[PDB]
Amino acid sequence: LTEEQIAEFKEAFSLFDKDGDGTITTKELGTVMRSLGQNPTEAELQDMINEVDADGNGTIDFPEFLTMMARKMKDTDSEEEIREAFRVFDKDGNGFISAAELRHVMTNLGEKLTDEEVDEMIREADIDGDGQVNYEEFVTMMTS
């Protein structure tokens, strides 16, 4: 609903819409889900899209995505959402996101970050200077 939120969500939409055709398909959603360790079936992917597909055209457009994000903001448990997100990044489950783990996640998400880009993400999140990102640092990065 705010213009700042719309801009953030537009950037989020772009990650799913890899071909920039303005729609998210089952292929695109599946690609992202699998990159996050999930193993959905095509039937599941179609059902996921169907839920947010207001016009029944089989894909998600930005307006539909916005409606979905507004719904998420109001119904979802924000604290649990951040904990589950941290666990996605922390592949080995040791409590810290390493630069390698971050790069692996981003690469899976189709973002082929440069060495400099990865270093910047870690440096900015790494408040305590140990070279990795702990949970508190992650929370601070996402909420402030």
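Only residues modelled in both forms are compared. Rigid core here is just the name for the largest C-alpha set that superposes within 1.5 Å across the two forms. Residue numbers count along the first chain shown, from 1. What changes on going to the form deposited in another entry:
- Once you line up the core between the two forms, the CA of 81 is the only one from 42, 55, 81, 51 that shifts by 2 Å or more.
- Fitting C-alpha atoms of each rigid part between the two forms shows the smaller part swung round by 167° relative to the larger.
- 77-144 stands as the sole run between the two forms where every Cα shifts by 2 Å or more, at least three residues long, with the core as reference frame.
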Given for the second form:
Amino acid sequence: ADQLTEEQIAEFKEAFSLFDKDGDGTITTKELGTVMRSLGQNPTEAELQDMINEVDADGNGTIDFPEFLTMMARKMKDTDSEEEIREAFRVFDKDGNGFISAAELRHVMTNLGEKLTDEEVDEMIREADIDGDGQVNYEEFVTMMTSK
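Next up, the form deposited in another entry in place of the form deposited in one PDB entry?
What comes next is one chain alone, with no partners or other molecules.
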């Protein structure tokens, strides 16, 4: 739950404003409706309905300021922890071809401080290669390097 300042909470009302088109202080499936549709995204009832269920802590069918601010924040950390392990893959992927070779891990690992034989890097790879392509994708990465 929030600690945040008022500079923090105010960017939050502004936010909570673009959604609350009638200015009543809550957000409806129809107001969510309409926003998803500005931003070129034409959804269906279920999705909307599911998107609200989601944020609707207390189930009156609506979302007030506080339930939004929770989510908004929770999903704030997360957009960060995302990118966090995205910058990471970014150095590890020296060629940023998309996937990380074994030779690249070794380059890094030794670009930093440890000296592995190929064997020991390949052994690194395999453990983290789920699509068994021999390389390491954001996906396998992060399945790994977060967890491990």
